[PDB]
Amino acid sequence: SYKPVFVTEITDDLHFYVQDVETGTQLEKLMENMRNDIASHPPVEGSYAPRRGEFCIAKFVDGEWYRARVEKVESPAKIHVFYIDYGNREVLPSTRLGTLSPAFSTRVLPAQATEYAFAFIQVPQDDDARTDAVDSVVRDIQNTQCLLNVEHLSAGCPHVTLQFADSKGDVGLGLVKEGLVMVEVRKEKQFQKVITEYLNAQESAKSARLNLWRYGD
């Protein structure tokens, strides 16, 4: 069952964050109400005190306040935050931090960004190859609605397949077809048909001498 998601951020190690489209209006409503509350209780007159693991509000580069979590306090001028509804990280001064009121907590609405990786593909170990794959994904899916299916859990993030909204083409499989990534095989019998399809695309990418396979194998 492929669910609609909005892809927000692509990491340098080929992970990505998504928002669930089904809860997008709930997030927007929370953000409108939180920002109305911030306007009546300006952080400048509030004296929040940032600490690691503590939630906060953080003012992003669009001049709007968002929900965040403090990850590291380097100095008063350098507080490292993670925007819990988007997945991006930022270093900011204390002038751009405030209290997250309980009315807008993750108990009221869960963190809206979830981190995933692509199922059935290996992240390239070579830096330039990895950059090529990340750049392809950023161009094709960053800040777009896609369809997502969770395939398997791992010792890290869950691994998923993504489809383009329009064509319904499998995004990860596209990378394999382009020779941008290698296939990661698994043993589960329910993945055998899809892994078979990915390996077939990989062999065709090798024959076409694309990207990873430009000079042969």
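Heads up, when I say rigid core I mean the largest set of C-alphas that superpose within 1.5 Å between the two forms. Positions refer to the first chain, counted from 1. First, how it differs from the form deposited in another entry.
- With the core held fixed, residue 49 shows a CA shift of 2 Å or greater between these two forms.
- In a rigid-core overlay of the protein, residue 168 has its C-alpha displaced by under 2 Å between these two forms.
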The other form holds:
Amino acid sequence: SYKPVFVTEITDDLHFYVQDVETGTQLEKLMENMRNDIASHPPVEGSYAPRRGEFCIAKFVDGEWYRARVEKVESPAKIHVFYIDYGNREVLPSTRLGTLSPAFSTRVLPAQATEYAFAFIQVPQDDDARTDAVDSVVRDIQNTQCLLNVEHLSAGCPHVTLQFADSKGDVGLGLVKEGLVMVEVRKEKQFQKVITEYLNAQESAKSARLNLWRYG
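Given the form deposited in one PDB entry above, I would also like to look at the protein as it appears in the form deposited in another entry.
Left out here are the partners and the other molecules; the chain alone remains.
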């Protein structure tokens, strides 16, 4: 069962974060209401001294306030935050942070970003090759609606297939066809139509000498 999602962050390790489209108007409503409260009771720069593991608000590059978690307190000027509804990370001074009211906690609305990885693909070990694959996915799917299916679990996050929402084309397969990633083979019957296939796409890419396959 493919589920509609909005892709918000692609990581340098070729993982990505998504929001569930079904809960998106609720996120927008919570953000509306949270920022209403912030405009009425403006955070004083430096009045919040953060601690590791706390939820807070943080002012992003667009000048808007978002929900965040404090991951590391390096110094008062260098607080490492994770934007819990989007999945991106940032180092900020405490002057761009404020307290998160209980009205807007993760108990009122859970963190909206969930981490996933592509099923049936190996993340390239070479940094430059990995960068090419990451850059391609960012251009392909960042800030777009996709359809997601969970394929299997892993030692880390779940591994999934993604389809472009309009065209229904398989995102991960497109990376394989472009020679940006290698196939990670799965044996299971339920995966056979998809895998043997991904392996035939890897052949298209090996023949066109694309990206990973440029030199044989």
